[PDB]
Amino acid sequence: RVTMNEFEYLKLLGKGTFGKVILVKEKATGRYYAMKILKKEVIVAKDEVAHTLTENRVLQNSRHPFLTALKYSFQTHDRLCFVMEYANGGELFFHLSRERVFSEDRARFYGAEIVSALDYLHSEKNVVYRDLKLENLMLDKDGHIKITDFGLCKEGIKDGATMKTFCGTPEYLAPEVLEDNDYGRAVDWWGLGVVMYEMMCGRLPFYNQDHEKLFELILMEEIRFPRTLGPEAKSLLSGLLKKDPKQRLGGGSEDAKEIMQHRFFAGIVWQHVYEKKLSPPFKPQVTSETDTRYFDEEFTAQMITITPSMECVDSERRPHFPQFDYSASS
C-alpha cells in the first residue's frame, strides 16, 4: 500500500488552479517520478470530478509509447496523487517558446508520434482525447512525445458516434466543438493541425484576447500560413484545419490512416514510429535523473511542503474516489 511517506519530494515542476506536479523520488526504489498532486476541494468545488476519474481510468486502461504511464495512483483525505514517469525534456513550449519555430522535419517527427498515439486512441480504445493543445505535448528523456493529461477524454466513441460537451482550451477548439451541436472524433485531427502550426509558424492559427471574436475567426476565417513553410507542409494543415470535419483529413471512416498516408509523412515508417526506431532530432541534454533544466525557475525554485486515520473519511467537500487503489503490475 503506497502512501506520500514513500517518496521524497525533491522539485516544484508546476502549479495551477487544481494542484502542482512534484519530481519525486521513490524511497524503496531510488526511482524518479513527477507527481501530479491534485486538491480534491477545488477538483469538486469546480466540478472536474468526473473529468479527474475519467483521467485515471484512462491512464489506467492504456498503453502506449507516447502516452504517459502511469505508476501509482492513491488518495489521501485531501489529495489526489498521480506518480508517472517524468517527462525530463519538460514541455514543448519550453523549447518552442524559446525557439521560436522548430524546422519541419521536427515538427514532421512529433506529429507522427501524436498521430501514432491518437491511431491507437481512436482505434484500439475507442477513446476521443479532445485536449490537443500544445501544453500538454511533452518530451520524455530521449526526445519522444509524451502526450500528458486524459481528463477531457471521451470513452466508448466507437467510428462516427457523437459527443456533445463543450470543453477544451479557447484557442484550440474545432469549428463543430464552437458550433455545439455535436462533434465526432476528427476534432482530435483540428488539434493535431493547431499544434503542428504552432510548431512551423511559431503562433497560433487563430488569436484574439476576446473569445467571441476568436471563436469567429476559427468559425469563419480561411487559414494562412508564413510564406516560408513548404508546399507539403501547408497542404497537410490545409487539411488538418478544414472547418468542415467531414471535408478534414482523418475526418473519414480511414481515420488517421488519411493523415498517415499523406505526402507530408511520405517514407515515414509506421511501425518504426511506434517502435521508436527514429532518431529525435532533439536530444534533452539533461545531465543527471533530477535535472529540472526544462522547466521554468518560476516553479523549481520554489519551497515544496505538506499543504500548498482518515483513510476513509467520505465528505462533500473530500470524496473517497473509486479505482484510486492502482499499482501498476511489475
Second form
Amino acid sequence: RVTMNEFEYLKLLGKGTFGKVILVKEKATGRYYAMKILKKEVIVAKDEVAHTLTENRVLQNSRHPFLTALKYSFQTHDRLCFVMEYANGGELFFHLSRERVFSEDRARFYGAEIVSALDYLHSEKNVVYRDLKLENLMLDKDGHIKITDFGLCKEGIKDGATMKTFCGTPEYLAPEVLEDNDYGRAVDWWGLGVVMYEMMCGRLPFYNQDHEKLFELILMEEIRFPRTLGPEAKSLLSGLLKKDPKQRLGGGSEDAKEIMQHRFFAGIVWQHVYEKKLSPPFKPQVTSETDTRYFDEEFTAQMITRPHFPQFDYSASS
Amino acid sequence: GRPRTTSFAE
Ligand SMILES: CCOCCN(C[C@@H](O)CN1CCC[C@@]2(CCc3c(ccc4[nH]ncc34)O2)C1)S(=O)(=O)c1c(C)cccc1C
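Switch from the form solved without the partner chain to the form solved in complex with the partner chain and give that structure.
Then the entire complex follows, led off by the chain already shown.
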C-alpha cells in the first residue's frame, strides 16, 4: 500500500543504534502515527534480521487494547519502516525518571493492564514477550498502557514449552535465564515483578553497573522492601520475584490466572480492565497532536534528515 | 533514576 512519500515527518521521538522513531502524519488521512525507521545495514551487521521479522509478525497477528497497534510495514533499498499508532504519553521510563515512585493505586492500574496483555500473548498468541521494562511500556492519549518492541518474543510457545535464547535486558533477566537453564513463559512474570517493584519502590530490585555483580545479585540476594510498602504489595512483589519459576506467581498451569486472583488485585474487575472501563490515574497533558512533551528534548529538538526482507510489507484492514 | 537500559540477544 504505502511508501516513504505517503507521510510528513514532523518530530523526532527517539534514536538508537538501529534507527529512529519519528512522529509522522499520513498525507491522505491527516492521522498521526509513529514510524520506526531501521537501517538495513545495521540490522544485518548486528544479526537482527529474524528479530525484526518476529516483531513484524507479532504486531500483525495481535489485537489487544494494551499492545501497540501496527498500521503499515514497508521497506526501501536501505530502510525498514513500521508505522505504528502514536502514544503521546511517552515511555513509563520518562515518567519514573521524573516522579521517582507511583502510588500503589497507579502501579496497580498499569500492572493490571500489563497482565491483561501478557495473558493474551501467552494464551491466545502462544507468545512469550521476554523484554518487559520501563522503556517498552508507553502511555496512550487516554493514559492506558501500550507494550512496544516485540523483537525478542518467542513464537509458538504453548503451556509449559521451554526456550533457550539468552536474551532480554540485563537488569530485568530472570534467575532461570541467568542459570543457563531452559525456561518457560514465567520469565514474563519475573519481568512484571521487576516493573511493579520499580513503580512502587522507585529503584530496580537488583542493581550494579557491573553485569557480573548485577547477575550475582539477581541469583543470590532476596529483595528489599521499603517500609512504605503495604502488605499486599509486598506479597505480590515477593511472589513475582521468586527465583525458582516453578514457585513464582503465575509459574504454574494457570499462568496469569494466578496473578489475577492475588489480593493485591482484589479491587479489580478483569473484564473492565480489558474493556477500558476503569478510570486512568494519569491522562497525558498535551496542547496539540504534535505536542511531544513526553519525549526527551534531547531527541525532539533535533531536525529530521543491503537485502530484501521477504514478506515484510503490510497494511492493516479492519 | 537509573540510566536507560539496552535489550540484547546472544
Ligand atoms: C530490531 C532492533 O531494533 C529495535 C532497537 N531500538 C529499540 C526501540 O524501538 C525502543 N523503543 C521503546 C518504546 C518507545 C520507542 C520510541 C517511541 C515509540 C516506539 C514505538 C511505538 C510508538 N508509538 N508512539 C511512539 C512510539 O518506540 C523506542 S533502538 O535502540 O535502535 C531505538 C531507540 C533506543 C530509541 C528510538 C528508536 C530506536 C530504533
